[PDB]
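Start from the sequences, fold in the hints, and give me the full structure.
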Amino acid sequence: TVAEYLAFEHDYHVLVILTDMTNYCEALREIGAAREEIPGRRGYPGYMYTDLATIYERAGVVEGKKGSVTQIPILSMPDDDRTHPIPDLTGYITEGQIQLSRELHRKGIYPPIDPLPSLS
Amino acid sequence: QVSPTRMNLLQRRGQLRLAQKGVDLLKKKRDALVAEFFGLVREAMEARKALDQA
Amino acid sequence: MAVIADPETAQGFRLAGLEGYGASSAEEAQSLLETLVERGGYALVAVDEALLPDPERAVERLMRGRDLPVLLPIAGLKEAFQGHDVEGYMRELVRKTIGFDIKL
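Order-wise, the sequence lines are chains A, B and C. Each residue of the first sequence is one higher than the last, beginning at 240 in the UniProt record's numbering. Each residue of the second sequence is one higher than the last, beginning at 3 in the UniProt record's numbering. Each residue of the third sequence is one higher than the last, beginning at 1 in the UniProt record's numbering.
The hints are simulated quantities; they were obtained by calculation from the structure and are not laboratory data. Built from N, CA and C at the ideal position, the CB exists for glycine as well. Hints may contain errors.
[To be verified] DSSO-like, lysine-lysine: derived pairs with alpha carbons at most 30 Å apart: (1) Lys29/B with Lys103/C; (2) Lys78/C with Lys29/B; (3) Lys51/B with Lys103/C; (4) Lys96/C with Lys30/B; (5) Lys103/C with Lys78/C; (6) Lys30/B with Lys103/C; (7) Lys78/C with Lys51/B; (8) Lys103/C with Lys31/B; (9) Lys96/C with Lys78/C; (10) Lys31/B with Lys96/C; (11) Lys29/B with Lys96/C.
[Stated by the list, open to error] What follows is a list of derived Cβ distance ranges for each label pair: (12) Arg50/B with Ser24/C: 54 to 64 Å; (13) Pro317/A with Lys29/B: 53 to 63 Å; (14) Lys23/B with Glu302/A: 55 to 65 Å; (15) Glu34/C with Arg44/B: 32 to 42 Å; (16) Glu334/A with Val36/B: 53 to 63 Å; (17) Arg15/B with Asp85/C: 15 to 25 Å; (18) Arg50/B with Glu28/C: 23 to 33 Å; (19) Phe100/C with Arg15/B: 29 to 39 Å.
Below, the structure written as structure tokens:
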């Protein structure tokens, strides 16, 4: 809300760092399991695509105005895959990801970005 | 490891099937090399005996 | 082409033209074999049977470079007037190959 305000009514260049969205999806799994609701994959509810979409798609630039929103969500991939519903649906809504690798950080490389599973 | 779905179960069944064919393939290759080894061993002892006579 | 076979009967191999060396001591023969695999004596070394059964192990230790110097157990002359035991030599060659006492 503050990002959309400061970008589309006062013409700043807001960069948002959405830390660890897996906690947001855990909170949705809690509130979706307390409502006796249809699960998706691994117990997360049906509307998790819609809620991650209505967080993520509130970014970008508009026509005839000055501002900009740049979102960097941060994901903690649970078993460091692209098959869990949190990084999976995150990668479906968003436009590209930057994926970190356990091999390069064991080899001692910073930033350990393997470019093959990452795109923009 | 690999995160288990119904896709990776069939991919690992395919990898198992390829390795089970490869074991029999390499056993056939080892049989052909046994045949050529018992080919060459009598020729080697023949040439060795001719070397002994000379 | 070089030999390490005999003290005096290697002169017949020199009389063939092909060079060689003889010492009748195992370690100076192996040391001239060492300078013969360093300075490669044209790709063939023929070593006495009943002085070195396996010449190749020490040579592949002191030179893991390739097998251009080929190493053969060549027959001693005196034992050559006995009988070669061709059969038993191929027995030990096949057992050096696959370990089995299988007999072709």
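> Do the beta carbons of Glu334/A and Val36/B sit within 53 to 63 Å of each other?
Replying inline: holds, 60 Å
>> Can you tell me whether the CB distance of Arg50/B to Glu28/C sits inside 23 to 33 Å?
In response: holds, 28 Å
> Does the hinted range 55 to 65 Å hold for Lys23/B and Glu302/A at CB?
Replying inline: holds, 60 Å
>> Just to be careful, I want the Cα atoms of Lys96/C and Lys78/C compared with a cutoff of 30 Å; is the pair within it?
In response: holds, 25 Å
>> Given a hint of 15 to 25 Å, does the C-beta separation of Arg15/B and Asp85/C actually sit inside it?
In response: About 55 Å separates the Cβ atoms of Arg15/B and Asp85/C, which means 15 to 25 Å is violated.
>> With the threshold set at 30 Å, check whether the alpha-carbon distance from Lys96/C to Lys30/B stays at or below it.
In response: holds, 23 Å
> Do the alpha carbons of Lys51/B and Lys103/C lie within 30 Å of each other, as the hint requires?
Replying inline: holds, 17 Å
>> Please verify whether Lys31/B and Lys96/C have alpha carbons no more than 30 Å apart.
In response: holds, 21 Å
> Per the hint of 54 to 64 Å, is the separation of the Cβ atoms of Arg50/B and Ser24/C within bounds?
Replying inline: About 25 Å separates the Cβ atoms of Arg50/B and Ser24/C, which means 54 to 64 Å is violated.
>> Against the 30 Å threshold, does the CA-CA distance of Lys30/B and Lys103/C hold or violate the hint?
In response: holds, 22 Å
>> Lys103/C and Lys78/C were given as a pair; does the straight-line alpha-carbon distance stay at or below 30 Å?
In response: With a Cα-Cα distance of about 27 Å, the restraint between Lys103/C and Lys78/C holds, given a limit of 30 Å.
>> Next pair to validate is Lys29/B with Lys103/C; report whether the Cα-Cα distance is within 30 Å.
In response: Between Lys29/B and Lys103/C the Cα gap is close to 21 Å, so the pair holds against 30 Å.
Of the numbered hints stated above, those contradicted by the structure are hints 2, 12, 13 and 17, listed in ascending order.
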